[PDB]
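Missing here: one protein chain of the complex. Every other protein chain is in place.
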């Protein structure tokens, strides 16, 4: 079993990182282009990021649902900035309009400056306490239960979502995080645990940690990985494109982003930045794993670079560890969605092997 | 100037009130029908209600934006249940995708049971205090400012909306309310004040109160009214349809029927009569300063066509010129209809 | 089995016949409204008329296909005015883009003035000869055959349709006609024979003739009927709306319309106009069968008028004769598509009974 996702560039898109040269503005028409591409190419779904640097994920996903037939949408919810009852009604409404194509990404928010801008003045441990109480209300209201809940952070009385969702018991819960509070929350409530593109040894230990905590709660969680991808027909062209992606990234822009990443209260972001740390020589931190994207961009920071056989081999490495979901992205997002689907899909298991023509 | 709105029945639709007979379920397909009808008929926009009995307004409006060309969407925001910065980013994205077709309806929420279900335990005076602080943060972040704000209820530090809206300075703020705190809030921050379909004398006094308070703040507010409509070609058919609507004294004013208010629907009063009678009541409200008219009918799809074909030619421009590409008009295979 | 169709008013729509009062212009937006209504309400398909009085059927059907999911489109082809090879490629493309939702209505054209305007100067017998040779080439090219054909009217050499259709062997062929040449063509080539809304006794004889001729060709054809419908909650409201539909029809327009029909070289049009002769009194030619639409409109001319039980009863009467397809219409087409689907669908067989 394997689900291959693509990515909607709600932060912005282009041919190069860091610079405005070759940039592509994010419009309704361009978002339609990427979503309808992933829909017709046969991708399982698309991940839609959230945050201050993005357009709103719920507005984007809701607008693209009537314009696609099979594509699923992994939309992010951020506990602490919205009522859990209201978030559930949004999830129910969007899941009903899409006829069961909604996927939920639980996001706790690792930037204290952005969180204070949204009105949240909570420590790292406190944010996961709100998320813990949030998900308990969210999951229960969506199953038709009039919820009475009074916790340390959230309190609802007769919380009801009158319109039931299509997917039972609720739209699947995806979650990413590397701290101990994140692994506990994932093991207790979520359905799929997501990690960024660390080397296989680091992901295997993170998966083993989550699998252990989930077993202690009598549950089993599925796993997925988030990666960039620069795949070409030959290995020489792929690494040539990787160097070309970052040719306009000055040293003062790398210092500007790293100064902002150190402000983050995120353990998952810390492990991603602990792979590059501003270096430019020796960026291949692992066989066909290139950490050049993390020099400027937040969140995901590594990419699989190589020919179709080299990239498909790295996928089997992660799949052998138990990872079943793969969320890819490329620059630019439209062109690379076709390139991955035409070079890598025939090398992947079904149904992706048979989607090529 | 006049803006004529229609209504999206996101709580549900049907042919009759009270009973489930002839009911029509709210689906994506039917919502497309009503929105695309109001879009092509030439309505200025549609009001989208909010509450526990409705589907989410932001999901529906966002889904209908790429499916319409000119129609505007009056979407409701609710302070107290969402971050003001995040609500502004939501408004910005929907306004950008729609190319300036987003209108904001500020709703405070008058049901204490529903408010407790959403996690808000605030009194009437407190609810308008959050709304006051909410709009100050909401309006300023959308104007490009990095907002630092610490009030009695809300507090943000370095609140920024990185994507600017299409409409400047922000999507217009519509607001409805009858208390003194609402009239003060409307006179200070909002752009359009909304009132229910009261008799013309009662609306004039409410408008005079808001218009007086707005002058003290150096502002002028526009006004709008929300009214159901049962218009037929003759007055006899209209009152026959009104009686049929509630078959499973009510005329509180000339051609103002309060039968819709018997149950918890969109409004509580309705204009019932022939096209000349309905246009006469509209001209009455317009003379008091009302420029926006938010209408609805049962069912909303059929009645959107009925109002637009019987009343639009009797209204000011551009609605007078919307009634009626050339060639044949009506069903022809050689002689054209004349 | 039963397939219920609706109708796209490409001639124009409105609340009243004959006059421009209460008319509704046919735009892309309004056609989207009616097509998307029939799609979501659960109708099997929509019939799209063709002719000089219509917008082009192929442009409209192709434009509405990507805007609907399940609805099928009964598009009309006219042999004699387009190449059979080209017509087949058009059908294949629309059938492929729609993923098998294309239905073909074979139209021969009964107006000699309109036919001469299109460049066809053929007698009634000759028109069915071109249609005969047209359909033979059309059906064979769509089955992957490089066709060589040299007939009295048409001649092709190496006619190929390189893109195969989705429905096999080809999109189903619907056909309407009342002449003897039409019954032969229907019995030999088409898949569904269509008739206008005549009384059940006259329809039963038309169906018996086509099934008799089809047996001599070793084939069996299915049958469908075309009707208007004015259904209300009560029988009094239905007859009140039927009288109201024709209140603005001029007596000069009645003679001017029937004068153009007396010049029509069509038996189906003559059998439909002879049910009224312009006489306005006593229009109910059968229980709940009202022939008021035929006073001005060509083609369909009768309507089922009554309460939901009366309308559903007349439908079952036609179904007992072997009619499986029902193509309904009302004025205006958008509102009345909802009215039929909400008043009559629960009284019909599945899947229409469970769609509400």
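The first chain written gets the first letter, and so on, giving A, B and C; residue counts start at 1 in each chain.
In this text, contacts are C-beta pairs under 8 Å (C-beta built on N, C-alpha and C of every residue); 3 or more make two chains touch, one makes a residue touch a chain.
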May I ask you to name the displayed chains that the omitted chain touches in the full complex? A, B, C
Of A:37, A:122, A:214 or A:303, the residue touching the omitted chain is A:37
Residue touching the undisplayed chain, where the options are B:208, B:262, B:336 or B:338: B:336
Pick out which of B:29, B:99 or B:277 touches the chain that's been left out of the picture. B:99
Chain not shown: contacting residue from A:56, A:114 or A:129: A:114
Even though one chain is not shown, subunit C touches it at residues 28, 32, 52-53, 55-56, 58-60, 62-67, 78, 81-86, 89-90, 92-94, 96-97, 113, 116-121, 154-160, 162-163
Residues on subunit A facing the left-out chain by the touch rule are 9, 11-14, 17-20, 22-25, 27, 29-30, 32-33, 36-37, 39-40, 51-54, 111, 113-114, 250, 253, 256-257, 260-261, 296-298, 332, 334-335, 338, 342, 357
If the hidden chain were put back, which residues of subunit B would touch it? 96, 99, 160, 162-164, 166, 325-328, 332, 336
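Note that in this section only the chains that are shown with their structure count from here on.
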Can you compute the centre-to-centre distance for subunit B and subunit C, using the mean CA position of each chain? Integer Å is fine. 42
Could you put a whole-Å number on the gap between the CA centroids of subunit A and subunit C? 52
Listed in rising order, subunit B residues that touch 2 or more other chains are 32
